[PDB]
Structure formats: structure tokens, C-alpha cells
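Please take these sequences and the hints and turn them into a complete structure.
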Amino acid sequence: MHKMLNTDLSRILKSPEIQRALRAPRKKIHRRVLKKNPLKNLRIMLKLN
Amino acid sequence: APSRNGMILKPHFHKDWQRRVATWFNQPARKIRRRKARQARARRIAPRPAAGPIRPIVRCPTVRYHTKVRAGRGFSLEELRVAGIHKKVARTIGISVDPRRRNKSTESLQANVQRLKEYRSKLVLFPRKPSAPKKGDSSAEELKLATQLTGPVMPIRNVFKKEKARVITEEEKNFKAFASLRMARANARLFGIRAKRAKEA
Amino acid sequence: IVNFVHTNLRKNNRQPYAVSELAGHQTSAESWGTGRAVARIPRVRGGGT
Amino acid sequence: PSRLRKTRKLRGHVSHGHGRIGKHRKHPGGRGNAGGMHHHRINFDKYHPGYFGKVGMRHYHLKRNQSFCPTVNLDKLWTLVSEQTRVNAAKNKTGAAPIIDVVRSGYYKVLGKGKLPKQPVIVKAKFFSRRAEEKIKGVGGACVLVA
RNA sequence: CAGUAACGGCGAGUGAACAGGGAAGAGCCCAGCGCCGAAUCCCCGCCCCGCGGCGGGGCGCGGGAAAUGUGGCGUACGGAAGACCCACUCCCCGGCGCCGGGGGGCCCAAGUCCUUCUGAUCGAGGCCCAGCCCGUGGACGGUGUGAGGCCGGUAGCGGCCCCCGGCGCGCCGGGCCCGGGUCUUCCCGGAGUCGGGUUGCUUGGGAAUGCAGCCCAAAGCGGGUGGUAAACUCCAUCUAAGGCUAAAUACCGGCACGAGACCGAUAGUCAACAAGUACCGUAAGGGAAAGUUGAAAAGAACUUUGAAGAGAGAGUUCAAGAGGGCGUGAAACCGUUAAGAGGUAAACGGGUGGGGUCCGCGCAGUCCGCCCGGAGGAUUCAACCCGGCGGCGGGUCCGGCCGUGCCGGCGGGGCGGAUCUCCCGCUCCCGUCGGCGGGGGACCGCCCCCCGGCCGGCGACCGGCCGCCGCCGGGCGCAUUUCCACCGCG
RNA sequence: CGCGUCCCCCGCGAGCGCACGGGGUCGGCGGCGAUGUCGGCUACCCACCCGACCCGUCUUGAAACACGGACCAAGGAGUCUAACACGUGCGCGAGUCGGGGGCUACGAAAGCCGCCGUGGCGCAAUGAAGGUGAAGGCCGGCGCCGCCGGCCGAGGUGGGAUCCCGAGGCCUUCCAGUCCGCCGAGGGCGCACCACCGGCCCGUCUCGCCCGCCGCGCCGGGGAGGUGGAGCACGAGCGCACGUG
RNA sequence: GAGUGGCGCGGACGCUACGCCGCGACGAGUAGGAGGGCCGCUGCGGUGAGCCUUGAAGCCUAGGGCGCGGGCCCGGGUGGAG
RNA sequence: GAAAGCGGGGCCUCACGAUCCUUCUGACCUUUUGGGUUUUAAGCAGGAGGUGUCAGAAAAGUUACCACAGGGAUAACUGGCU
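Chains as they are written, first to last, in the deposited numbering: chain A, 281 to 329; chain B, 2 to 202; chain C, 36 to 84; chain D, 2 to 148.
Quick caveat, the hints were computed from the structure, so don't treat them as lab data.
Please note: incorrect hints may appear among the correct ones.
[Unchecked claim] Cross-link-like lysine to any residue pairs, in silico, SDA-like; alpha carbons within 25 Å at most:
1) D:127 - B:16
2) D:119 - B:171
3) D:7 - B:69
4) B:32 - C:49
5) D:24 - B:5
6) D:64 - B:173
7) D:27 - B:179
8) B:162 - D:131
9) A:283 - C:38
10) B:16 - D:37
11) D:110 - B:81
12) B:69 - B:165
13) B:174 - D:37
14) D:110 - B:66
15) B:163 - D:121
16) D:136 - B:2
17) D:64 - B:59
18) B:162 - B:64
19) D:24 - D:11
20) D:119 - B:173
21) D:77 - D:136
22) B:162 - D:80
23) B:32 - B:16
24) D:24 - B:2
25) D:55 - D:43
26) B:163 - D:118
27) D:7 - C:69
28) B:69 - D:69
29) D:127 - B:178
30) B:165 - D:90
31) D:125 - B:2
32) D:116 - B:66
33) D:55 - B:13
34) B:105 - D:67
35) D:119 - B:179
36) D:27 - C:40
37) C:46 - B:28
38) C:46 - B:25
39) B:174 - D:121
Put into C-alpha cells, the structure is as follows:
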């Protein structure tokens with residue numbers, strides 16, 4: 281006997297039953313930010329305070 | 002030297018065991034030579050059964066096994082006697098004969114008498130001179146239709162009775178089978194000195 | 036399964052190989068002793084060869 | 002498989018994974034189950050208690066067939082027959098109890114571990130326990146004995 | 001069975017058997033007790049066939065063995081004689097005529113086809129729209145690399161000649177003249193041996209499993225065994241102290257074969273060679289090293305220096321950068337040529353500088369889109385006909401096939417079931433209720449198939465007619481279109 | 001920095017641009033170019049500055065006046081078999097396994113048997129042994145019966161991954177509102193597993209009272225309370241292969 | 001979120017999922033333990049319509065490079081059958 | 001002891017000993033192997049016989065004729081600290 285009958289997870293993962301009950305993708309990449317010393321850098325100090 | 006919790010072993014390898022290792026590379030050539038010798042014999046004794054003679058029905062001894070049935074060595078002389086075959090003709094018309102077997106029971110006997118009556122009905126017998134027949138031989142119809150038999154002759158299978166569902170009697174339900182066991186045990190144990198004290202009494 | 040069953044079934048059609056039981060030990064050699072600045076292995080018993 | 006083994010990754014390593022201070026010497030605690038009562042006393046007393054000494058009676062010629070008594074429980078009793086018999090026994094209205102020969106199935110004794118489904122049955126066993134018998138009286142049945 | 005019952009400073013350790021399933025299967029014979037006129041056996045001498053296993057026949061007041069017991073009958077499964085029933089003609093060893101297992105020898109498919117590489121081809125490309133030819137042969141070896149087709153072979157339930165076996169019809173020689181069922185009547189057996197005591201060994205065998213020495217030594221409704229010494233008692237089971245016997249099992253010697261996930265000349269046998277050799281030991285014994293020129297000796301004529309070993313030129317070969325212990329030719333170590341260096345022994349890590357050796361096949365220096373700016377060319381886009389192919393969905397057409405789907409049929413079977421029950425077997429009471437075992441027939445389950453209807457599918461599994469889109473080919477179009485290549489320091 | 005409206009005192013304007021703004025760009029340049037020069041770190045030789053004792057091994061401690069090592073090539077040392085344990089992969093699963101046997105070039109292979117599972121290990125333990133051998137309350141009749149019966153029946157507590165119900169709520173200018181999807185107050189079923197309390201089976205002890213009959217006895221069975229067991233409490237095993245010990 | 005009421009035929013890379021990507025902290029080590037080797041050796045089953053007398057293995061090398069390393073790949077020479 | 005209670009050796013901290021084998025004690029005990037009767041033997045439970053090297057081998061010397069495996073874990077020289 282098969283351990284899974286329908287082995288077409290191409291069809292399965294885009295089928296409306298599964299795609300309905302998912303959460304939205306988080307597809308935006310957040311690279312590290314360079315820390316600018318806001319005591320020297322005026323605008324960054326304004327961005328904070 | 003023991004490490005932790007583990008089985009306490011005693012390997013039987015203190016003698017010169019390497020000299021007496023018997024290896025089974027013979028096996029597939031041993032099977033071929035046996036199958037060869039088997040077919041050679043089966044062709045040699047040409048219209049006679051390949052297995053050889055007919056073995057009788059025999060109970061296994063020892064309570065563990067006595068609910069089974071084997072093939073015995075050979076037919077007792079008092080089974081041949083009441084079946085009406087001579088003990089020196091029996092072996093020549095293909096019937097195994099044991100001169101050691103006793104017959105304690107009459108059912109063990111009667112099964113093996115009906116075994117020989119079936120066998121002597123099934124048996125086709127060729128003329129000793131094939132052109133001129135004798136009295137005790139078969140008809141030319143059966144002699145041309147006579148064939149080599151494969152496997153054990155009239156094979157011994159182990160069949161049990163069929164008991165239909167019955168209504169349980171008012172006594173049959175009432176019988177105390179455990180207490181019967183226990184009091185049969187004590188009657189077997191104490192009987193000897195129950196006779197002694199009753200004699201001294 | 037086929038990789039496992041082919042791996043194990045293929046070892047059955049295999050003729051054995053070994054060395055001679057007597058090979059190597061067919062001499063009467065003995066250790067010379069710890070003296071005489073040799074390396075203390077067995078050495079082939081003396082002669083003119 | 003000589004490739005997957007530990008030996009192949011000790012090539013280069015000096016001691017071959019047996020230490021530098023204490024070597025891999027030949028038999029440094031004697032051979033086999035030696036030193037049982039002396040210097041391997043704690044291993045034997047701790048993991049193998051009751052190893053040394055004598056208990057019970059010696060039975061010189063012992064044949065294992067005389068003491069042959071394979072058991073079945075009431076749990077698995079109805080499995081020696083078909084499901085057909087159990088179904089048709091309830092389907093029948095005459096009160097006819099189907100007959101379970103236990104020695105045909107290859108058990109001599111019946112023990113009484115199991116709950117029994119409520120219909121009458123006859124059991125043709127060589128032996129019987131007390132609770133085993135009582136439970137078949139409780140369900141409303143018979144205990145025929147076999148010689 | 002079983003690392004078990006058991007043995008064991010009961011420590012280390014040791015350690016069977018019965019039952020069960022198979023491989024194989026095969027049974028018998030004396031002495032004794034007795035009856036047959038010793039009815040038995042060995043050997044010499046003559047004759048005939050005729051025997052490289054010394055045998056059959058005739059012949060002898062020829063010789064011996066043997067009553068201190070030869071042969072026939074007969075053995076624990078009982079045997080023998082006498083009476084009454086019953087029914088047989090064929091067992092055995094040796095000549096022949098013919099057809100139907102092994103050892104030997106001689107053989108049997110198809111390319112050296114056309115170009116081409118090489119010292120040499122077995123390499124390379126090609127060989128009808130008849131896939132070069134044979135293929136029951138495409139294992140392997142040889143042959144100037146690497147070959148199904150050049151050669152030996154391989155394949156074949158292939159051919160031929162010899163030779164030795166095996167069996168059946170029957171001709172023919174010899175002998176043997178022999179059965180069973182039931183009653184009556186006789187008979188029945190192995191001794192310094194069983195057994196016991198002790199001693200030593202042995203065993204898994206424990207108040208003693210087996211074997212042996214010595215002492216004591218039997219019995220016949222006895223004797224042996226019944227895994228704890230002994231007495232009394234039932235019960236079971238065999239018949240010791242005489243003998244033969246195939247098959248299945250074992251095999252590092254020997255004769256012959258076939259193979260390997262083995263070794264590849266410091267390996268594998270000690271031995272790939274003039275190896276149990278040379279050599280060593282007074283002897284018992286000990287015991288090595290040692291494979292390869294080249295396709296073919298074509299193994300270097302001749303000139304020349306020298307006393308010669310040796311050279312220098314020629315010459316053979318693809319090659320002597322393969323020259324007789326000569327395939328390849330490593331490292332250590334040495335000679336010489338070139339470069340550089342040098343009083344803290346040398347060598348070493350890090351960082352540069354200086355000089356070599358070769359490399360970039362360096363040395364006017366990146367291509368890529370689209371557009372713009374000029375100039376050339378080409379038969380050239382968009383559209384629209386005709387054809388063929390493909391995609392999707394035709395939300396839900398029409399017809400098919402499938403279903404780890406389901407509901408029906410008074411649809412036609414396979415297995416199965418510890419679900420139930422009409423014919424026949426043997427026998428018991430006397431054709432004959434009932435008993436007996438084996439076959440049949442109803443029922444339940446799963447399955448296979450025919451007809452019927454839904455539910456799913458055809459995306460692990462489809463068509464044809466529609467419809468739309470896309471592609472390709474040919475017309476048609478023929479220039480402010482389309483499309484190519486070139487310059488502008490765009 | 002609109003009033004049209006919610007208090008005690010007095011919901012979408014439109015653009016364009018500069019940038020101390022989630023990590024460097026130029027819409028800047030200048031030379032030199034065919035046997036005499038450009039690049040080439042690594043690699044051959046040399047020089048200079050700094051650093052720098054000779055490896056292996058036993059040792060508390062090695063550069064050691066500790067031992068082994070002159071130099072080079074080839075050989076050269078945790079292997080195979082049986083046993084056991086645990087982990088891990090695979091197949092079937094209260095089973096599992098033909099390993100011995102038989103059947104019908106590669107192949108001494110592979111295939112098959114089931115009325116070939118004998119058998120092995122497993123599904124039952126405990127006792128030296130003979131032996132014994134794994135759950136119950138209630139409701140009537142006989143504030144009680146040894147029982148006649150009748151209904152239902154594999155415990156309880158606490159913690160427990162997930163699951164279940166849903167007080168309410170998740171928008172576009174509102175008000176009702178219907179359907180799906182979603183969050184969550186609080187409340188439940190509780191997996192495996194752990195701790196605890198019950199219970200059942202075998203051995204053995206203490207105390208006591210009833211039951212049975214083809215065999216009335218030194219017969220057999222039963223009860224309550226502790227206590228010893230490699231136990232039961234709705235199975236996890238077997239075979240194969242690999243790894244370490 | 002959803003319903004009923006009040007011209008131009010266009011759009012980079014990706015996803016060996018055993019892959020690719022993002023952010024943060026860390027890194028001595030004998031005996032000893034584990035993992036990963038596209039490190040290497042020799043033979044067997046598969047596979048590369050692999051390579052090779054237009055020159056295989058082997059060997060030498062102030063040649064060109066790759067890899068953290070085990071090692072490896074090209075150039076030149078020698079060699080002659082894998 | 002009137003009783004509350006106190007007592008399962010010594011006011012407390014020490015005075016002692018496994019397997020095997022033996023010997024006794026206990027039950028109307030189990031087994032003695034085809035069944036019974038009876039001696040005998042083996043079991044089960046609890047004490048004793050003893051291992052003072054006291055977690056428990058059964059044990060005299062010599063070697064200048066000496067031998068092997070090791071040790072600078074350990075003496076006889078120097079050297080070092082004192």
C-alpha cells in the first residue's frame with residue numbers, strides 16, 4: 281500500500297482548499313542597518329528625538 | 002573484564018575449534034547430486050511409486066505430540082494377518098513391514114487394516130512374464146494405463162471431527178470441572194496410604 | 036528498497052577466497068634474544084644461505 | 002562495510018583510540034568471567050545478583066515433553082474459531098452453543114485473563130483455571146474435559 | 001531439542017539424550033533342539049568343448065577331510081512333523097541375432113570488400129528505398145596495435161569412422177523339481193559369561209554412564225532395563241555373553257577437470273626460471289636469491305686507433321634516447337655544464353627588495369541593447385485567403401475507458417468457510433431403522449465477469465464535431481513598411 | 001490659525017525641489033606604448049630586518065649530559081568468526097522467520113512450496129517443589145446469605161503537546177443585517193509520559209469463618225490484613241542490514 | 001473580505017527545496033568522542049553513444065592555476081597499450 | 001508495677017565474619033523420576049562450625065652458577081636543595 285496516494289504536491293499546494301487556509305508571505309528582505317552615531321549625525325538624532 | 006550492565010556470556014571456544022569448522026559450500030552441489038540420484042532411482046524402479054513402499058499410520062508418543070499422526074516405519078504382522086497378506090509377499094508388492102510393532106489398541110489396528118484394503122484395490126500388478134498373464138495380476142486395460150506415482154503413496158493427512166452447535170444441558174453447565182481436576186489430583190496422591198490405614202484399621 | 040535488496044542479494048553468487056593456512060609459518064625460526072644488536076623479531080634458524 | 006568504520010579515521014592518530022597513559026595491553030583483568038568474587042565483585046553484586054551459590058532440587062533425567070502445557074486466555078478464545086461461528090451463534094435463536102476444541106488449536110489449558118462476549122459457549126480443554134471456569138459459568142456455558 | 005537436564009576449588013569453565021521435521025531406507029544368517037544310510041567338502045591322473053577373474057561336463061575299488069559332526073530343513077517375527085481344505089507351472093547362472101551409456105580420432109557459418117592512419121593493423125569512415133555478411137555460432141586464444149567475420153575454436157536433441165559396455169523379445173546349454181489356510185502333536189537357544197566387591201581411568205551421568213585389572217561368581221514361570229543407595233510388591237519393556245549387510249555421510253593424499261568481487265614477482269606456494277635447486281650442518285635437519293631486447297635477430301659486414309678490454313665512423317630498426325642480465329627507468333648518492341652565493345654549521349617562519357626562468361602566443365586596447373544622425377542593399381512587414389499541427393475550458397455538448405467508489409439484478413463462474421445437510425464404503429441386531437468414513441447439495445464471505453444508475457476522474461488514465469487563441473508552410477502585399485551588413489572619436 | 005455640533009471657567013488636496021535621510025560614487029582627469037619594455041602575487045637563486053633549540057616517546061616536568069633515528073625506495077600494525085547489549089534504517093505485525101529440505105554461460109544465482117512452521121523468538125507469570133496462574137459495584141428475592149437471578153460494566157487524583165465550545169469582536173457615508181474566513185474572555189475532552197493512591201496474579205505469614213460431593217477425608221474450594229516476584233492493569237514482536245561497546 | 005436591502009500584445013535573476021536566502025552571538029586544546037570529505041588507493045554491479053597508436057598508464061619539470069587542507073586540473077619532455 | 005507506663009540485652013559511642021561443605025532444629029511440608037508401602041537421600045526456613053591478610057588462596061628456604069621482562073615510579077657514584 282502507498283504511504284501517500286496522490287504524489288503531485290505541485291497540484292496540492294496551489295489547490296484552493298490549502299491556499300485558502302494559509303497566512304500571507306513575508307517576501308521582503310531586511311538586511312542589517314549601519315549604526316550612524318546620531319550625536320555626530322543630526323538627521324538620525326531627529327529620526328530618534 | 003565487565004564494563005556495565007550486560008549479559009554474562011560463556012563462549013564454548015577454549016578448544017582447537019578452527020581445525021573443525023565445517024563450511025556449507027557443498028550445499029547447492031549436494032542438493033543437485035541428491036536430485037540427480039533421486040530422478041535416477043525414480044526412472045530405475047520405472048512404473049513403481051517414486052517414494053517407494055506404503056508406510057502405515059502411527060500415533061506420536063509423549064503427551065506433547067500424541068494428538069498428531071506420522072508415517073510409521075512398517076505394517077505390524079497382526080495388521081498383515083487380519084488384512085490377509087503374507088509377511089514375505091507384502092514387501093515384494095510394495096508394502097513396508099515392521100516386525101517390532103505391537104498393537105495395544107484395536108482402532109490403531111483397524112485404521113491400518115482399511116489402509117491395506119484401499120492399497121490392494123489401488124495396486125496394478127504386471128505379469129511376471131509379460132506375454133502370458135497369471136491369476137493375481139491386473140487387466141491389460143489397466144496395464145497400459147499404469148503410471149509412475151509422484152510423492153508419498155496414499156499420503157497421511159491429519160483430519161479432526163466436526164461438532165455442530167448443541168444446546169448446553171442443565172447438568173453440563175452444572176459440572177464443576179476445576180474442582181473435579183483438584184479432587185482427582187488429591188485422590189491420585191493420597192490413595193496409597195488411604196489403603197494402608199484402611200488395612201491397619 | 037531495491038538498492039538494499041540488490042546490495043544484499045548480489046553477495047550470494049560469490050566464490051570464497053583466502054590465503055594458505057600454512058603460508059608464512061613453514062620455517063623453524065626463533066628470536067635471537069635481546070643481546071646482539073638486532074630488532075628482536077624471530078630470525079630464520081642459522082646456516083649458509 | 003570497512004569504509005563506514007572508526008579505524009579509517011584513526012589513521013594518523015598515534016594510539017588508535019586506546020589512550021597514551023594506559024596502553025591497549027592484552028588481558029589486564031584476566032580472561033572471560035574471571036575474578037568474579039575478588040576484583041570484579043562490584044560488577045557481579047550490582048548487575049548480576051544471586052549468581053554464586055546453590056538453590057533447589059536436582060532432577061537428573063528431565064524430559065521437557067511431560068511438562069508440556071501451552072495456555073490460552075478468554076481474551077483470544079473466540080479467535081481459534083471463525084468470525085462466522087460467533088456471528089451465526091448470536092444469529093441462531095435455538096440457544097445452540099458452538100463447541101471450541103482448544104487442543105485442536107494446540108493449547109491444553111485455559112486461563113481466565115479475558116473479558117468474554119455475552120453468548121453461550123462449550124470449551125473442550127484438557128485443564129481449566131478457577132476464574133477461567135467461573136467466567137464461562139458467568140456468560141452461561143459448559144467446561145467439557147479432554148483425556 | 002540446547003548453551004538446555006546435568007558435571008564443576010558449584011569457581012574458571014564443561015555439557016548430552018528422548019520426542020518432532022526431513023536426507024536415505026533393506027533386511028538377514030549360524031550354533032543349539034531335533035530327522036534325513038556323510039545325503040557334505042578339498043586335491044590328483046586321462047578325454048572334450050572352452051574359460052588373460054581357472055570354470056562346466058564325463059571318468060576312475062585314485063587320495064584325503066569329516067561322527068571330537070559336513071550338507072539339507074530351521075532361529076525368537078516362532079520352528080518342525082502328521083491330518084483335513086486349496087491351487088500353481090515357472091525361479092536361477094552361462095553362448096547368440098538384432099535394434100534403443102561412456103573413452104578415442106577426423107570434420108562442418110560469415111569480409112582480410114572500397115578509401116584512409118601506422119613500422120605493422122585487429123583502429124577510422126563507408127558498404128541499394130534489400131540497415132556489408134553469418135548468427136542454435138557476438139565464449140576465449142593466436143595472429144607485427146584494440147578482430148563475430150584471418151586461423152584454432154564456439155553453437156548445434158550436428159556428421160563420419162572405431163572400440164568397450166547395458167537391456168528385451170526369442171533360438172539354445174545347464175540345473176531346481178519346491179506353495180498356502182486351520183486343528184492335533186512335539187521343541188525352543190550362546191558361562192570364568194551376566195552379576196557383585198574393590199581399584200584405576202573415563203563420562204553430562206550425580207550412593208558411581210562406559211571400559212579395564214584382581215577376588216567372589218550365578219539363574220531358568222529366569223535374566224536385562226525402568227538417571228537416588230536399600231527391602232517388600234504389582235506393572236511395563238526387551239532376549240545379553242555368535243555372525244553378515246547396500247543407500248544416504250566424510251576426504252588439505254592421488255588421477256583428472258571447471259571456476260573466482262583473490263595475489264600480481266619484497267605479493268601469491270619455500271618454489272612463475274636447471275627449486276626442495278645452489279649452499280650450510282658429523283647428523284637429525286636447515287634452505288635461498290633468480291620473470292620482461294625487438295613485430296622480426298634485422299644481434300651491428302666494412303674502414304680505422306690500440307697488446308687487448310675498449311672506442312670513432314658506417315649499418316639494421318618506428319626506436320639503440322631498446323646493444324645480449326638489454327620494456328619503463330624513481331629516490332638516495334656521484335660527475336660535469338649554467339646561474340647565483342659564501343667568516344657566526346646548515347636549514348626554517350614573517351615581511352619586502354634584487355636577478356633569472358618561462359607565460360600572457362602581451363604591447364594603441366571592452367563588448368552588449370535600443371534610439372538618433374547620414375549613406376547602401378534585399379523582393380521584405382501589417383492585413384487577408386488555402387492548408388496542416390498544437391494549447392485551453394465546451395462554466396455544464398456528443399461518445400468512450402478507469403475506479404485503495406457506492407447502490408441494484410430472481411445476471412453467470414472461481415477459490416474459500418471450525419455454516420449446515422443427499423448417494424456410496426466397512427462393519428455391528430437379524431434384503432435389513434440407527435452407527436461408520438468419503439463425495440454431493442443449500443447458505444455466508446471475498447473475487448472475476450454480463451446488463452442497470454449515480455458519484456468521481458481522464459493532470460500517474462481519452463476521442464471526434466464546435467469555439468477561440470497560437471504556430472508553421474504556400475499565395476497575396478509590393479513600399480515614408482519590414483529586414484540585413486557598414487561607417488559617426490553620437 | 002475652519003466651524004456646523006460634545007465641559008467644568010471666567011479620514012483620500014495638488015504638485016515640484018533640496019537633502020547630515022535603510023553601507024560609494026564621479027554627468028572627473030593625466031601619462032606610456034613591438035626584441036625593449038609592461039604585468040605575473042605563487043614558484044628557482046640571493047640579500048637584509050624580526051622571529052626562531054630536533055623530531056618521536058614515557059613523564060609532574062624534554063632542546064635535554066633520557067632512550068630510538070646515517071640516507072633512500074618497496075613491504076609494514078584494531079582484522080575475520082561466534083555471543084550479548086543499545087542506537088539506527090527497512091519489511092510484515094500478535095505475530096514473525098525457511099536458515100534445513102523439496103520442486104522446476106551468467107546460475108553454486110534468482111523463483112516457488114503452506115497439509116514443508118518441525119521448530120526458534122514473541123503473545124504469562126511465580127514457586128526449590130508438588131503445583132497454582134492475572135478487575136467489579138448496585139437492584140430484588142433467598143439493618144444479613146452460600147446464592148437464584150436482573151441492568152450496566154477495564155479504576156481514581158494532579159500535571160499534560162495538540163483538539164472542542166465561544167462572552168464578545170475584525171470597517172471606509174452611515175443604519176439594520178445574512179453567509180463563509182479570522183482573533184479571543186472564560187470553560188470542557190484529554191495523547192504519550194511522570195508522580196501518587198487503588199486493584200488483580202504467584203510465593204509465604206497472621207487471624208478467622210463458610211461452601212461442595214461418582215469418591216465425607218491428614219479430601220477439594222473460599223475470606224480478611226500485611227508481605228517477597230525478573231508480573232497483569234486492551235499487546236510490540238520477529239526477521240534483515242548498518243553503527244559503537 | 002462578498003452579495004441583498006436603507007493605440008501597443010509586454011513584464012531581469014530565481015526554487016540541484018538534500019536548494020537558495022536573512023539576522024545575531026561565538027571560534028585555545030592532550031587523552032578521548034562525533035560529524036563532513038567534489039581527499040586518496042585497489043577490485044565488482046550500473047552508467048558516461050567516456051578517453052586512447054593523430055600516442056593509455058607511468059615518470060621528470062626555474063611552466064599556468066584551483067582549493068583552508070587532504071589533494072587536484074592544464075603546459076612541455078620521456079614512454080609505447082591501456 | 002497500685003498505675004501511668006517501661007522492657008524486644010548491657011546508659012551511649014567498639015567487641016566481630018560470604019559462596020561451597022558439615023551439624024542441629026521446624027512443619028502430620030515438597031521431591032526420591034512406571035504405580036504404592038518403608039528406611040535413605042535431596043529440598044525449603046532458621047541457628048552454629050571460619051576464614052584476625054578480618055569483602056574471606058590451601059603454601060618453607062637458598063642462589064656468589066644464576067636467568068627473563070621492566071624500573072631512574074626505587075637504593076649503591078657525582079651533581080642540586082638543606
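Comparing the hints with the structure gives:
Between residue 127 (chain D) and residue 16 (chain B) the alpha-carbon distance is near 48 Å, which puts this suggested pair outside the 25 Å criterion. Note on residue 119 (chain D) and residue 171 (chain B): the hinted pairing holds, with a Cα-Cα distance of about 18 Å set against a maximum of 25 Å. For the proposed pair residue 7 (chain D) and residue 69 (chain B), the alpha carbon gap of about 54 Å is over 25 Å, so the pair is violated. Distance restraint check for residue 32 (chain B) and residue 49 (chain C): the Cα-Cα separation of roughly 18 Å lies within the 25 Å cut-off, and the hinted pair is therefore satisfied.
A threshold of 25 Å between alpha carbons decides the hint, and for residue 24 (chain D) with residue 5 (chain B) the separation of about 21 Å falls inside it, so the pair holds. Our distance criterion of 25 Å between C-alpha atoms is broken by residue 64 (chain D) and residue 173 (chain B), whose separation comes to about 36 Å. For a cut-off of 25 Å, the pair hint linking residue 27 (chain D) to residue 179 (chain B) is broken: about 63 Å separates their Cα positions. Annotation: proposed proximity of residue 162 (chain B) to residue 131 (chain D) is violated, straight-line Cα distance about 28 Å (limit 25 Å).
Distance restraint check for residue 283 (chain A) and residue 38 (chain C): the Cα-Cα separation of roughly 19 Å lies within the 25 Å cut-off, and the hinted pair is therefore satisfied. Straight-line distance between C-alpha atoms of residue 16 (chain B) and residue 37 (chain D) comes to about 23 Å, which keeps the hinted pair within the 25 Å bound. Distance restraint check for residue 110 (chain D) and residue 81 (chain B): the Cα-Cα separation of roughly 39 Å exceeds the 25 Å cut-off, and the hinted pair is therefore not satisfied. Distance check on the hinted pair: residue 69 (chain B) and residue 165 (chain B) sit about 23 Å apart at the alpha-carbon level, within 25 Å; holds.
Under the criterion of a C-alpha separation no larger than 25 Å, the hint pairing residue 174 (chain B) with residue 37 (chain D) is inconsistent with the structure, at around 59 Å. Taken as a hint, the residue 110 (chain D) and residue 66 (chain B) pair is honoured in the structure, with Cα atoms around 15 Å apart against an allowance of 25 Å. Distance hint between residue 163 (chain B) and residue 121 (chain D) is fulfilled; the C-alpha atoms sit about 18 Å from each other, no more than 25 Å. A hinted pair counts as satisfied when its Cα atoms are at most 25 Å apart, and residue 136 (chain D) with residue 2 (chain B) does not qualify at roughly 54 Å.
Among the hinted pairs, residue 64 (chain D) with residue 59 (chain B) is consistent with the structure: their alpha-carbon atoms are about 22 Å apart, no more than 25 Å. Between residue 162 (chain B) and residue 64 (chain B) the alpha-carbon distance is near 20 Å, which keeps this suggested pair within the 25 Å criterion. Under the criterion of a C-alpha separation no larger than 25 Å, the hint pairing residue 24 (chain D) with residue 11 (chain D) is consistent with the structure, at around 15 Å. Distance hint between residue 119 (chain D) and residue 173 (chain B) is fulfilled; the C-alpha atoms sit about 18 Å from each other, no more than 25 Å.
A threshold of 25 Å between alpha carbons decides the hint, and for residue 77 (chain D) with residue 136 (chain D) the separation of about 14 Å falls inside it, so the pair holds. For the hint linking residue 162 (chain B) to residue 80 (chain D), the alpha-carbon distance of about 19 Å falls within 25 Å, and the restraint holds. Proximity of residue 32 (chain B) to residue 16 (chain B) is assessed by CA-CA distance (about 32 Å); at most 25 Å being required, the pair is judged violated. For the suggested pair residue 24 (chain D) and residue 2 (chain B), the alpha carbons sit about 16 Å apart, so the restraint of at most 25 Å is met.
For the hint linking residue 55 (chain D) to residue 43 (chain D), the alpha-carbon distance of about 20 Å falls within 25 Å, and the restraint holds. Distance hint between residue 163 (chain B) and residue 118 (chain D) is fulfilled; the C-alpha atoms sit about 23 Å from each other, no more than 25 Å. At roughly 36 Å between alpha-carbon atoms, residue 7 (chain D) and residue 69 (chain C) are farther apart than 25 Å, so this suggested pair is violated. Distance hint between residue 69 (chain B) and residue 69 (chain D) is fulfilled; the C-alpha atoms sit about 15 Å from each other, no more than 25 Å.
Between residue 127 (chain D) and residue 178 (chain B) the CA atoms are separated by roughly 10 Å; this keeps the pair inside 25 Å, and the hint holds. In summary, the hint linking residue 165 (chain B) to residue 90 (chain D) is supported, as the alpha carbons are separated by about 11 Å, within the 25 Å threshold. Distance check on the hinted pair: residue 125 (chain D) and residue 2 (chain B) sit about 55 Å apart at the alpha-carbon level, beyond 25 Å; violated. As the CA atoms of residue 116 (chain D) and residue 66 (chain B) are separated by approximately 31 Å, the hinted pair breaks the 25 Å bound.
A C-alpha spacing of about 23 Å is found between residue 55 (chain D) and residue 13 (chain B), which places the hinted pair at or below 25 Å, so the restraint holds. Among the hinted pairs, residue 105 (chain B) with residue 67 (chain D) is consistent with the structure: their alpha-carbon atoms are about 21 Å apart, no more than 25 Å. Taken as a hint, the residue 119 (chain D) and residue 179 (chain B) pair is honoured in the structure, with Cα atoms around 22 Å apart against an allowance of 25 Å. Our distance criterion of 25 Å between C-alpha atoms is broken by residue 27 (chain D) and residue 40 (chain C), whose separation comes to about 40 Å.
For the suggested pair residue 46 (chain C) and residue 28 (chain B), the alpha carbons sit about 16 Å apart, so the restraint of at most 25 Å is met. Of the pairs offered as hints, the one joining residue 46 (chain C) and residue 25 (chain B) holds, with about 16 Å between alpha carbons and a cut-off of 25 Å not exceeded. A distance of roughly 10 Å separates the Cα atoms of residue 174 (chain B) and residue 121 (chain D); the hinted pair therefore holds under the 25 Å criterion.
In this structure, the earlier hints numbered 1, 3, 6, 7, 8, 11, 13, 16, 23, 27, 31, 32 and 36 are contradicted, and the remaining ones agree with it.
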